[PDB]
Amino acid sequence: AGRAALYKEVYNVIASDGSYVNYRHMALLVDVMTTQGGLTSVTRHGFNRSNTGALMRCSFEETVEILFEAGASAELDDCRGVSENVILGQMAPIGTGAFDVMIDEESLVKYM
Amino acid sequence: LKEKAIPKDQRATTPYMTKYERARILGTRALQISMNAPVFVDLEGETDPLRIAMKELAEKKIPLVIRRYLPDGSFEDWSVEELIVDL
Amino acid sequence: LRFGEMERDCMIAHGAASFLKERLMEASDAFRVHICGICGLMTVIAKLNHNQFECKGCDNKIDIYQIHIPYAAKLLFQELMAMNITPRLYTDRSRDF
Amino acid sequence: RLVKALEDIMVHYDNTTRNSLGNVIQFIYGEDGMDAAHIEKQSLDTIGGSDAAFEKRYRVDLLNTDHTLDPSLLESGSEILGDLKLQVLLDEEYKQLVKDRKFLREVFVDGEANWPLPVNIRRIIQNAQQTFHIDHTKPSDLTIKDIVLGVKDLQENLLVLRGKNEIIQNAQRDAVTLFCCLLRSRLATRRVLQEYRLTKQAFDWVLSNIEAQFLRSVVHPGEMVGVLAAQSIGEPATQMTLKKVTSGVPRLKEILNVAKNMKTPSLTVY
Amino acid sequence: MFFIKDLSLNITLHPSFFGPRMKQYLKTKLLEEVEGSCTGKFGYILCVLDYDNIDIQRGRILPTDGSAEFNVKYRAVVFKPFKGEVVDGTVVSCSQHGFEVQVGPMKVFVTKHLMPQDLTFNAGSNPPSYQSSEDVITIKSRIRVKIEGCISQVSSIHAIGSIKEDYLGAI
Amino acid sequence: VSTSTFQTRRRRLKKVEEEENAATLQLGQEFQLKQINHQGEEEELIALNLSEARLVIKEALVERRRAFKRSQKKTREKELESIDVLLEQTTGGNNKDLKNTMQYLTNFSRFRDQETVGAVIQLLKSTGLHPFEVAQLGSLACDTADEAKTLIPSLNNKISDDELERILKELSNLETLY
Amino acid sequence: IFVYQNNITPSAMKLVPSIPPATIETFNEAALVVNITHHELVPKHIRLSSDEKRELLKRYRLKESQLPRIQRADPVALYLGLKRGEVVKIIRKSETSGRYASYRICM
Amino acid sequence: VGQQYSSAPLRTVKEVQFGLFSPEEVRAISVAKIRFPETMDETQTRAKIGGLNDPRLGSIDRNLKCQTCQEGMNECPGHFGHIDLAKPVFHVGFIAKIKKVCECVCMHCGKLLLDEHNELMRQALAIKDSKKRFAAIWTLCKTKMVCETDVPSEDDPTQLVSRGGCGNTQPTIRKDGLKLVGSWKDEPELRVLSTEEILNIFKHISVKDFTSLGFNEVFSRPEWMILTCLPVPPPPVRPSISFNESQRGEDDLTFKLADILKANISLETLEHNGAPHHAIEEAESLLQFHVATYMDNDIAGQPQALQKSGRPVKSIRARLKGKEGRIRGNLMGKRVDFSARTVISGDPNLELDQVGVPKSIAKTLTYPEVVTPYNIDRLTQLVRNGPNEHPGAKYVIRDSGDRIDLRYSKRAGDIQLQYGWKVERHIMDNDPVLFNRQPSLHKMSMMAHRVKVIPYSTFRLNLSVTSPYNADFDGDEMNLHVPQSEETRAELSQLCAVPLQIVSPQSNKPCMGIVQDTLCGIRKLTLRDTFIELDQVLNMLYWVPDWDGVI
RNA sequence: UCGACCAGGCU
DNA sequence: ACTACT
DNA sequence: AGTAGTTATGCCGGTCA
Ligand SMILES: [Zn+2]
Ligand SMILES: [Zn+2]
Ligand SMILES: [Zn+2]
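Residue numbers (PDB author numbering), protein chains in the order written: chain A, 1343 to 1454; chain B, 69 to 155; chain C, 1128 to 1224; chain D, 840 to 1081, 1092 to 1119; chain E, 1 to 171; chain F, 3 to 76, 118 to 221; chain G, 109 to 215; chain H, 2 to 186, 195 to 560.
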């Protein structure tokens, strides 16, 4: 019921101004704030404290502190986040990167 | 593990090719076509690598396979041949 | 010019993976470092010339890779080390999941 | 802050919306699996209107001289009157339509009938008409069984999820629930013949496009839904050049912060 | 000793070779890069077996240049020596410090004072030899050596052995 | 560009512990009886006594020259030369090793009959001995159980003197002639 | 279940988690005057047999930690006596798709 | 890039293992001892002293030299060195944890202050998640201020069982500057907790205790928060900035190491000398200061280690702090090659998706095309054409990684391409390019347009693509990025071309319409009253490029 | 080769 | 200038 | 209370070692 109200409230802020945003957007935000269990703030205190990779989190609000605590607790980063890759200069798994591409020796012969 | 290779049967992903997949196929092929790789269609006078790629894709003669990954690490392989191209 | 945080977002939004990677590497930084396969450090003493590699201290001479990462990132790591933090870089996963 | 908090959320190849941890956030993107670019506001006729006109529109009683399809519409119009085997279907149809009507009035208490939904059906029919210069004078050639079992069959293919199993299959049926109401709202035997005047050809065509146009409106695994969603909210907040309750940018700030001591903290009691 | 190990190797194929006789060019590249190679890890890689069923698998395409990278699963015959391993081979070189025996693709060295004592070094010979009351080791004589220790090096392995224990020496 | 091997144990950074190798049958981790096949199934270490090795290599280089032509479409001292040819046909020509290995193998081969070698194998493959020892016993001419247990310390208690001395006798017979 | 009036002893409740298996639940009276579950915004939840759950996990290839969580002290969580590990199935209306089914595991 | 071939297999980073440096490893990695605080001038002679920057670390003087490594500056990453400190010092950044760990263990013996013997503890000890576990464990036994030797087992509070010994009272700890102080409690017994002291207790903490307290046996054991051996970052991290010769140009960091170095030598020569016991410690905290100041220099204990002249001195931590920081301003965003920017002005004559590009810009921005039998001719024409005429080129890059500068090369006119080589050619009509206006709020602030090289100096765009960017012509400027790969451009043309972006998913409707003149006028041209005669109707027809020539 | 800090102005 | 957390 | 952490994007004179 919270999520319900949270959306209802967020929505009003946007419609009060006379604008329209397709439900899915606010929905997604609203959900992200609640999945974990209660109300997670779009704030350095809230979301930037989940289990996302250190590197990811350090790219917002508490940079060195996060990296420090990261070495202290011997964290492990999957490098699954958009951010980790942007930082490593690797193709991030998004759109064009959500999948791999291979030459199929087989079909490569049927073609001739 | 390859215990992550989901059989051609039991595939559950979309039968159609995603804009991303295709955008990336045309690009990859164009790249290699420009690298002087073999071209599998007759260049009806075409001389632009992306053009030659779009042509290869229209005649489903692109020897590439898209390996789709699932959030767990599993993956279904689909050939450009198979993949539909509504888009 | 500066392709900054906000423009980074816009590319992620388009889902343009390569164009982003290319804009942040080929078109700017991009550097080639040699790392140890044992301790994810840029320790390796590569002599691309006599083909010798090694990483004494780990006493390695065989298990060695080369990676492409934005110079700014090499810096970020050396700087993190200077502050006694080891940001090991590994070319294979273990944590699976 | 918005963008940094959704960066990594994208629709995965299983139609699930997750983050960089694999944690589910939305089981099916947008609770419907549809890409927003492919959506338009459509009217769900069934919900509004008096029960009076609802019946006058969708009701087809073959066992009645005053509630059957006059043979000027359907070709097999005279030889259909009194057919008991068909009224079973026509009654099965009109039963669903009426059930839908209650279900819609349940979801949209308000009574609001216009909602963004994939595949614009009003147009997909106008083209149908003009493509075949369908004249409202002659009679169709659609079996009353044609229509009913075709629309019934079209639904079987408005796929969003795919897996071979109950949990998924159910999810699928959910995903399409509201759309189908629309579908039946528009492809009701009475309408199809009285209103649209579609021929058997025009019909099979409308059914074909409705199918494709649907499959096309589904979200592409890869879509960086997170960042998109973020910007879609932020962008309009930027243009916010600001009933005496904290509203607008200051309020939005309030919200995203899960601000304990909000300013105006009214409460409405009914 | 001589083993048959299950190995694998990664090969990066330029896009030009993305032809019809591709599998062939890989299988080739494999042999070029493997047969003849040496590591302390697997020892000498001498011969790739079962040429016909070399597993090529699907190669993935690097994503900036268009090359593909295949993981070639093969199987081969290798030769890795060991300490304490008794092996016999033929002599090759011979000085005042000892003589070098050749076992397989490798070379083992027997240091003078790692031979029996009564075995002397006859310098005033040709080809140079090592004489005993009874024996006469030289240039081409077969000898049974006990590998005392190995030293992996570059593209080969080298060892030192003795013939001072029993049942060792010429044959 | 290296060359992997069917088993990847975790690099817990602490890269120190791996002992030395010896006649305690302690070969590398890269050579334990328990090692994984390419079809990821456990499979006992495969050591080859010479000759058994000379055959394995020769056979392969043969079926090679064969397929090296399916696609072409569109006596001790005597074997030395016959092999020196198969080489300059299927080999890389710079495999100074594979060549030297073919001579060494050809000269010091104790059995030159795909059958006699089988016999050897069956004979020993009942001892329950380690693939390495079985390999050595096969390629090293031994008389007294003493000479054996002495050049192959790995044995010593693994097989009685008489029993080992029996097998040794058998080995001296199957011992193809020249 | 024990519906107290104005509270229970800070020494009394120290005896609830002492008779397992069987478990005890405390509830305030004023807290049950109105049934929250009956509220407009509160959607229908639903416990799930350890199997219904094992299936949910299998059909979505999820680890437990990848599931949307619900508070052990969540109003509706108590209403159904949820227990750390169980999963409810939240089913609600959708302005997008008519009906949508989400899941919430118990923290 | 970072050039020259390397036989080392090339892979991508899959995981990042964070941890702390053991003084052992630091020593292991180190290529240099580092004892002298001098930069170099081997006694004034321009070179480097075997003491600071390059007693074998990276290089300076464009000189391959580099302890054989050679390769020369662009290729040689830095090389770490070290400094054996005089006495263990805290790590500015861990003090907090260092303290909280003490409040969890018992000094003197080094064992946890709560076992499974305490239940409220067991409850915490179960909490899977370092972060939160250690969060509980602390709050739990921070209060427990006695190393209890015996506790009433899970039977009766009657018969008390035995565990670890030494009930030594536990000091209530508080922080003072970079010092930890405790008071074991008539009246307390205030005393300062020495580093060598805290270090030893941590070293004695058990491996299981480690872990229960969110640490890690291999990558980050408590004791390592206490610096013993200091890693010395190489030249690249703290590069100079010379002004020809006889001058200088050292880096802030290079100075703070000198500080530390000096500060250290001083201390040590007091422990090998007349050690006025507590006149030494007065100079030990100076080291603790610098070694703390070098990593962080924006602490709470105000002394903000200013440098000669008052300027504060960038601490390594400053370098990484948000926006402009290393992370935020060098990695999540950076300045880039192949980009261009100028004033914009609408042009009612370009197609929605084109982008008028000033010729001068077209001639600067280039694309690396590969020589293919398909384009050998066109490309040779451009190369021969020149970097000054428009349709031309600037560079020809051979297989043998070497650039031929078409503006100087004595063979500019000559040159015959080579299938496989590359000709960096001028941006030409219809090249796909990224065009954007900041701030970049949504996808549509960065769309791909077709190039149309044109005169004058302003990017010209179609009026209707005006809204998406939110540009007016009051003087707004717009950026443009030219894709470099065959696929990079594919991604633009296929995913983000202005025509695709037309109907926006933000609000399930189109995001570009008809505006100004066209909108105002389209109304007028519509009114029933509006009639048009032949002469003109004919021009109007002709103007529509598709008009089927049917009046 | 090329930097830092400060301050001021445009969108 | 404003806001939350230890 | 004491205790810290932020704050729009991007672009274009004058002192210091
Ligand atoms: Zn190392
Ligand atoms: Zn170097
Ligand atoms: Zn104690």
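It is worth saying that the hints were derived from the structure and are not from the lab.
Where hints are given, some of them may not hold.
Subject to a maximum C-alpha distance of 20 Å in a straight line, what follows is the list of computed PhoX-like cross-link-like pairs (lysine-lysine) [said to hold, decoys possible]:
#, chain 1, residue 1, chain 2, residue 2
1, A, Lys1350, D, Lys977
2, H, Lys66, C, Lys1174
3, G, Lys171, H, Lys129
4, H, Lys129, H, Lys66
5, B, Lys72, H, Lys66
Simulated restraints on C-beta separations [claimed, not checked]:
#, chain 1, residue 1, chain 2, residue 2, range
6, E, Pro20, A, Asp1442, 20 to 30 Å
7, B, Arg79, E, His14, 29 to 39 Å
8, E, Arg21, D, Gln965, 55 to 65 Å
9, H, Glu25, F, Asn199, 51 to 61 Å
10, G, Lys152, F, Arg14, 28 to 38 Å
11, D, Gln965, A, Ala1343, 34 to 44 Å
12, F, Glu20, H, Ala136, 38 to 48 Å
13, C, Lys1174, H, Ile385, 51 to 61 Å
14, G, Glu203, H, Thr373, 44 to 54 Å
15, A, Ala1343, H, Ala136, 27 to 37 Å
16, E, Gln24, B, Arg79, 26 to 36 Å
17, E, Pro20, F, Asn199, 55 to 65 Å
18, H, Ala309, G, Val141, 46 to 56 Å
19, F, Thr26, H, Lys180, 50 to 60 Å
Where a beta carbon is used, it is the ideal one built from N, C-alpha and C, also for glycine.
Hints versus structure:
{"no.": "1", "hint": "A:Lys1350 <-> D:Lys977", "result": "51 Å, violated"}
{"no.": "2", "hint": "H:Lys66 <-> C:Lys1174", "result": "12 Å, holds"}
{"no.": "3", "hint": "G:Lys171 <-> H:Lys129", "result": "15 Å, holds"}
{"no.": "4", "hint": "H:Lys129 <-> H:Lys66", "result": "51 Å, violated"}
{"no.": "5", "hint": "B:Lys72 <-> H:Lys66", "result": "50 Å, violated"}
{"no.": "6", "hint": "E:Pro20 <-> A:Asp1442: 20 to 30 Å", "result": "23 Å, holds"}
{"no.": "7", "hint": "B:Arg79 <-> E:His14: 29 to 39 Å", "result": "32 Å, holds"}
{"no.": "8", "hint": "E:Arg21 <-> D:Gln965: 55 to 65 Å", "result": "57 Å, holds"}
{"no.": "9", "hint": "H:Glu25 <-> F:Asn199: 51 to 61 Å", "result": "42 Å, violated"}
{"no.": "10", "hint": "G:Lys152 <-> F:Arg14: 28 to 38 Å", "result": "50 Å, violated"}
{"no.": "11", "hint": "D:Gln965 <-> A:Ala1343: 34 to 44 Å", "result": "43 Å, holds"}
{"no.": "12", "hint": "F:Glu20 <-> H:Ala136: 38 to 48 Å", "result": "40 Å, holds"}
{"no.": "13", "hint": "C:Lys1174 <-> H:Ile385: 51 to 61 Å", "result": "39 Å, violated"}
{"no.": "14", "hint": "G:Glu203 <-> H:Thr373: 44 to 54 Å", "result": "52 Å, holds"}
{"no.": "15", "hint": "A:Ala1343 <-> H:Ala136: 27 to 37 Å", "result": "30 Å, holds"}
{"no.": "16", "hint": "E:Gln24 <-> B:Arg79: 26 to 36 Å", "result": "31 Å, holds"}
{"no.": "17", "hint": "E:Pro20 <-> F:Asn199: 55 to 65 Å", "result": "59 Å, holds"}
{"no.": "18", "hint": "H:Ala309 <-> G:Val141: 46 to 56 Å", "result": "51 Å, holds"}
{"no.": "19", "hint": "F:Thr26 <-> H:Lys180: 50 to 60 Å", "result": "56 Å, holds"}
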